[PDB]
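Given as structure tokens, the chain that follows is alone and in the form deposited in one PDB entry.
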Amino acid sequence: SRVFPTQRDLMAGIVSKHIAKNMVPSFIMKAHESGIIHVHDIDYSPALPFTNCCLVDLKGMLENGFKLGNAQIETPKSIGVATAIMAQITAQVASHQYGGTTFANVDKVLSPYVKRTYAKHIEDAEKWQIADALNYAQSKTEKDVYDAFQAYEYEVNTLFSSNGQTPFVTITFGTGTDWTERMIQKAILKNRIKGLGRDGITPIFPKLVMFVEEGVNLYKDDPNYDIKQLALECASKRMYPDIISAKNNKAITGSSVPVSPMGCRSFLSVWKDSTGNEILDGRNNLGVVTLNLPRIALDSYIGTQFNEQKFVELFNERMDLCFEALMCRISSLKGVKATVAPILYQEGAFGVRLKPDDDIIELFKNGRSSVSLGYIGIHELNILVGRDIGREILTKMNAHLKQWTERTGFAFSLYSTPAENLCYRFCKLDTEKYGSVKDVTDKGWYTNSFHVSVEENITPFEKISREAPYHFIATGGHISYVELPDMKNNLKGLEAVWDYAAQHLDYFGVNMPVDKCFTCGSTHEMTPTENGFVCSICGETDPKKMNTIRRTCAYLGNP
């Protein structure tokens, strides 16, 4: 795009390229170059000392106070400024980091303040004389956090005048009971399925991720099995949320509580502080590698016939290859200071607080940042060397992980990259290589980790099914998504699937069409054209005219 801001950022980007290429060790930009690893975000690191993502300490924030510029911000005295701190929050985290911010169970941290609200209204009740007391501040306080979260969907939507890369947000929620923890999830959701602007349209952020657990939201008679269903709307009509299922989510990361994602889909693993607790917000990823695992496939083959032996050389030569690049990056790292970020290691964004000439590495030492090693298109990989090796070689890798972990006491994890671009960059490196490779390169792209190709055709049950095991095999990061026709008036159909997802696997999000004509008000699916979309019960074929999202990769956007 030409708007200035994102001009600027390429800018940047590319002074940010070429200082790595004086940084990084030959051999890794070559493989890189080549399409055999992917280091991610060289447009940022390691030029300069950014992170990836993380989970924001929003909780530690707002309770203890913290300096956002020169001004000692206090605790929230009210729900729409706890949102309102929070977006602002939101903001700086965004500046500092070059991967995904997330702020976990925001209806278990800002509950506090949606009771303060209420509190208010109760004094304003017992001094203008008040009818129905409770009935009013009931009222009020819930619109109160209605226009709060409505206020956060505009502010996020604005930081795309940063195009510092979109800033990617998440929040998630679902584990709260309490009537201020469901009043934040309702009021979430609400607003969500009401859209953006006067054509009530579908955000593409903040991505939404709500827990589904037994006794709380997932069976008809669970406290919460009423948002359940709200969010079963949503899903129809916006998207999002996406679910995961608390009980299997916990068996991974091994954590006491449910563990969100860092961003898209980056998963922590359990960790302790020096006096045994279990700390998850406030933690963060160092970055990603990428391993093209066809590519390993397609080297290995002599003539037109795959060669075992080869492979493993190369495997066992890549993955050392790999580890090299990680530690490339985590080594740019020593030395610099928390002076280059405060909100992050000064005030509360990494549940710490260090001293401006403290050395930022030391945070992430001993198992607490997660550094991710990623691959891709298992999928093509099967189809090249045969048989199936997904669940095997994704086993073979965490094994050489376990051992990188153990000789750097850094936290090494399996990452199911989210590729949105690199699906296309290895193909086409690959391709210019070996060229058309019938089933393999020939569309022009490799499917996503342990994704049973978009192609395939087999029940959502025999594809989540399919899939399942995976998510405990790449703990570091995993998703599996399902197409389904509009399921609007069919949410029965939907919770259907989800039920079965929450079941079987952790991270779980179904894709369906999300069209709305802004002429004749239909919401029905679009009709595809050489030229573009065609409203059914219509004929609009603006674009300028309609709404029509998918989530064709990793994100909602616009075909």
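Whichever C-alpha set is largest while still superposing within 1.5 Å between the two forms counts as the rigid core. Residue numbers count along the first chain shown, from 1. What changes on going to the form deposited in another entry:
- Annotation: the position in 225, 315, 160, 136 displaced by at least 2 Å at CA between these two forms, with the core superposed, corresponds to 160.
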Contents of the next structure:
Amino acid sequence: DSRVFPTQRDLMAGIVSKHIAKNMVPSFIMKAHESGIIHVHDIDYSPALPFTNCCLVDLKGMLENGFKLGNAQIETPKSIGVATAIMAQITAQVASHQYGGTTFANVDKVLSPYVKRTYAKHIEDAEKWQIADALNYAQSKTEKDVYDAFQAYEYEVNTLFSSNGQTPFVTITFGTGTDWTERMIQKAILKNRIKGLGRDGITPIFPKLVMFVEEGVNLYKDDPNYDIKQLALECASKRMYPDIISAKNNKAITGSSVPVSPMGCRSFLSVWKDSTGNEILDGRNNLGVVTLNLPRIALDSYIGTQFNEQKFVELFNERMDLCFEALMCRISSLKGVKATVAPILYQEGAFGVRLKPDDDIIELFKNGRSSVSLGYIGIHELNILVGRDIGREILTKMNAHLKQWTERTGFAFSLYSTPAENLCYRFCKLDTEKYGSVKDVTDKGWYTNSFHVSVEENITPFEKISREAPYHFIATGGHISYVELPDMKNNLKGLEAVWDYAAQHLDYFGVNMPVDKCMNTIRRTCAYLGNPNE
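With the form deposited in one PDB entry already on screen, would you show the form deposited in another entry?
FYI, this one's just the chain on its own, none of its partners or other molecules.
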């Protein structure tokens, strides 16, 4: 809410920070942001404080070894219920030290050792109490211990607030686990999600659930986990989540030999290797987002009422540079900042390393370890303004710019399809104060997300999936495609159809359907789940 204390204290800190940013960001960058030319995200956090954006938490390396959480020296969990309890405490802590989402990748694989542990204890207890049905007593207890554990993770995520009086934006991914412990975790999460939250079993907005689907594991009636896929479909039909990621396309796009979980909503890392040649994923992050307002480059290049191509070219080049200056300006503020700024992130392992209190954090992000995002929005409205479809082309040229940035600074710049849950209105409003109502651009009040096909089009699901799929291979830093569907609670084979089509053709995908009960109304009209009643 906003009338609430934690939110109010946060707004105060936001205000002080926006003011401090005015004294740190070169005026030409602030003026372009104030006017809607670009959008420097999270200015109410950074650069006042050297926060970073989103991340894949290295939960595996923290549970295995131990780590200091506050005053306490936590030790490897002896139980699955203790490892998820700890996962929640880490979720709360990481949320409070970065301003972006937090992702726990492959919880099925990561937490499996603890499910095994729980089992060993129910067996050493099935003989300690000479229990009739031994192997069966374990199977049950363990199963219950695992459901309750994720049910409690899910509950904790929904009650625990950050340092901002907000519920954490956390993402949990699974799907590539085949072992019985890995399968049990997956089912546990899907089952508990269907059950819903609390007495009225309502639909949770967090954690976001993303499932990997790969041939020979998940998508064909013959794979080991095809039954989980079925459960996942039901879940999606009743709670919107999980979204799915195509292991096949995801690996080709990222260059990673293992599926890449999105940090936060949809920010994807590119493949990276440590000094000894190892492919690292967990513990990596993103340094921020600066979004480029694409319709506005077209609008500003109109002469009278017609488009001027030569003007577009000059402005596009001018604005790409501006964006670059904006991303570097804040990355530069990270210089000289010490690991003392966020112990959970830099010292106790969430970022997969152990820096001393006096080590500079900036060194950890260099040479491609961290990604940096150049966002964009409204290809649909840009196409309309320039007379034709330049979607794939503008993005391709943006990437060529990004490659040069990467080679000059060492940071791994990528193209990001900004979720823009609110930026979609903000850019449109600022452009409207200058151009008024422009048919099919600023007239509906918002811009279309990244490269998505406008909502006003009457596209068949497969067409939409097909018209959007190539963007998943161009905007490698972050992307997703949605399809609108009616209630499919009783048409799972239909939803599986859409899933299988998206899975083959694109990367990250999700389905928007209506999900209401005797009054708990949820819709995903943009990026997050929400009640469009308020």
